[PDB]
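Only one chain is given next, in structure tokens, and it is the form deposited in one PDB entry.
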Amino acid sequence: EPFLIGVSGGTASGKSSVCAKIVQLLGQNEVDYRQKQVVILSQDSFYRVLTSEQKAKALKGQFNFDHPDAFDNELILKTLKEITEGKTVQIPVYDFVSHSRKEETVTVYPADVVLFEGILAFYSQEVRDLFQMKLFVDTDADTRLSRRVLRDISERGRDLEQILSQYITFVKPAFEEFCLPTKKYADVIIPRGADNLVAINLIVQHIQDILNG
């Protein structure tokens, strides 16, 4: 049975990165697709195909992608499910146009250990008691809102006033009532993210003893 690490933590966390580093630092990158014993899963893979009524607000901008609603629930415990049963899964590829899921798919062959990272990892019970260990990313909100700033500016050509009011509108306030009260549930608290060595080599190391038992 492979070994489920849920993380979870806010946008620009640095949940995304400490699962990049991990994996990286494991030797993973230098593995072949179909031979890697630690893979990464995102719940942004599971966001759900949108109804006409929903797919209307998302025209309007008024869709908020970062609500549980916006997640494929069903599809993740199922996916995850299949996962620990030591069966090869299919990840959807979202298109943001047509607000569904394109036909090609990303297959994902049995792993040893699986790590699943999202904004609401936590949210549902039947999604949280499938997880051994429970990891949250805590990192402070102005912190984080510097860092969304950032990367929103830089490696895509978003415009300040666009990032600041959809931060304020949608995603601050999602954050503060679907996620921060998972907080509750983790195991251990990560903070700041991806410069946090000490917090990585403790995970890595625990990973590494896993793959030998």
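Positions refer to the first chain, counted from 1. Here the rigid core means the biggest group of C-alpha atoms that line up within 1.5 Å when the two forms are laid on top of each other. What changes on going to the form deposited in another entry:
Large C-alpha shift between these two forms, rigid core held fixed: of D159, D69, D44, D187, this applies to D159 alone, with a displacement of 2 Å or more.
When the rigid core is held fixed, the Cα atom of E103 travels 2 angstroms or more between these two forms.
In the core-superposed comparison between these two forms, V149 has its Cα shifted by at least 2 Å.
Once the cores line up, the CA of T169 ends up less than 2 angstroms apart between these two forms.
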Given for the second form:
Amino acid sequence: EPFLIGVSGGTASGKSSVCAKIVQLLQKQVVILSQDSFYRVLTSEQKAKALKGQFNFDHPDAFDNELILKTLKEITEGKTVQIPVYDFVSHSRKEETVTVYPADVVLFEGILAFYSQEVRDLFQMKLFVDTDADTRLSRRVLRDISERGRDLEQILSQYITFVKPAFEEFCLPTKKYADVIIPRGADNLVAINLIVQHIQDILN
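Having seen the form deposited in one PDB entry, could you now give me the structure of the form deposited in another entry?
The following holds one chain only.
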């Protein structure tokens, strides 16, 4: 069975980078999947909210949890799967899909990957990335403006109204489920090294 590794942390905490550095340091076939690929398909009314940064994309229910549970279960079974592609500029699931063939190690990262216990128990290892809040926001702002075509004021408004409150209420609590907590994120090469060393040992 593939070795499942769940990765979480707050928004722009560097979960993706951590996953990349882990793969970089890890022949084993490895693939990185993100919880973001499974955001729910929004109605026109909800999408309208999103355009004004008035939609909560940080609440457990913003994700298509059923699809996630099912997709991850199939990977666990060694079956090749199809994975959705989300568009952050339109807040909409694209028609195109991405094929993901079997692998020895699978990394799953998302702001709420440890929330649902069903999903949580599918991970043989769970990592939580801990980064300073102002550092996280700074990134969020530049990344949102740069890669997701958004406006500063709409970003800050959505962050203060939804992201932060959701982080404290839904995300942060899940840190208790982590087997390893990683402060400073991707930059904590020592912690990442022990982790890849631990992953390597188990695969032996």
